[PDB]
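> Single-letter residue listing:
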Amino acid sequence: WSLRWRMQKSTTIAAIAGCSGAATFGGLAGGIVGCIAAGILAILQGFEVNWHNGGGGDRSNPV
Amino acid sequence: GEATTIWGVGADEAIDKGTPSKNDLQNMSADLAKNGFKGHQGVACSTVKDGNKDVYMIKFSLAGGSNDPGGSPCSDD
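Sequence lines, in order, name chains S and X. Residue numbering for the first sequence follows our numbering, beginning at 1 and increasing consecutively. Residue numbering for the second sequence follows our numbering, beginning at 101 and increasing consecutively.
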């Protein structure tokens, strides 16, 4: 399984709130990057029901 | 900071009854966060794949607005 991605819009805006449980997997040092990874992970897990049974939607996660 | 939420706007490409292991989901997640977003606000277009099969399309949005950006999913098949 893999995620093929491209940045549609890239910025240098670092104004992102901190979070609880910043990810430490895949060599992440927690922090803001870990907050983003934990957010992506939750969204991917949520979408499993939609590839299993079809459908779309908008899913969110605190970052 | 200003951004407090990340959003995923998705649509199904193909039905796939399989499920990626935690190890795979973590690798997907870390790659995008570290090499795509790079700790900054932005928009990513993506496709979840199961081997060579294109399964799901997701537009990932990280912006100042905490509100649902809506719009359409975008992909990277």
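Don't read these hints as lab results, they were simulated from the structure. Be aware that one or more of the hints could be misleading.
Said to hold, decoys possible - In silico BS3-like pairs for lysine-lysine, Cα to Cα no more than 25 Å straight-line:
hint, chain 1, residue 1, chain 2, residue 2
1, X, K117, X, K153
2, X, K117, X, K149
3, X, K117, S, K9
4, X, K149, X, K138
5, S, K9, X, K134
6, X, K117, X, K134
7, S, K9, X, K138
8, X, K134, X, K149
9, X, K138, X, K122
> Between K149(X) and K138(X), is the straight-line Cα distance small enough, at 25 Å or below?
Measuring from Cα to Cα gives roughly 22 Å; hence the hint holds.
> Going straight from one Cα to the other, do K117(X) and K149(X) come out at no more than 25 Å?
13 Å, holds
> Can you confirm whether the C-alpha distance between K117(X) and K153(X) stays at or below 25 Å?
12 Å, holds
> Is the hinted pair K117(X) and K134(X) satisfied, with a Cα-Cα distance of at most 25 Å?
Violated, because 29 Å separates the two Cα atoms, which is more than 25 Å.
> Given the proposed pairing of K9(S) with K138(X), does the C-alpha separation stay at or below 25 Å?
Distance ~12 Å between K9(S) and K138(X) Cα, so the pair holds.
> Do the alpha carbons of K117(X) and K9(S) lie within 25 Å of each other, as the hint requires?
32 Å, violated
> Going straight from one Cα to the other, do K138(X) and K122(X) come out at no more than 25 Å?
22 Å, holds
> Compare the distance between the alpha carbons of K9(S) and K134(X) with 25 Å, and conclude whether the hinted pair is satisfied.
With a Cα-Cα distance of about 15 Å, the restraint between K9(S) and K134(X) holds, given a limit of 25 Å.
> Are the Cα atoms of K134(X) and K149(X) separated by 25 Å or less?
20 Å, holds
Violation of the numbered hints given earlier is confined to hints 3 and 6; the remaining hints are satisfied by the structure.
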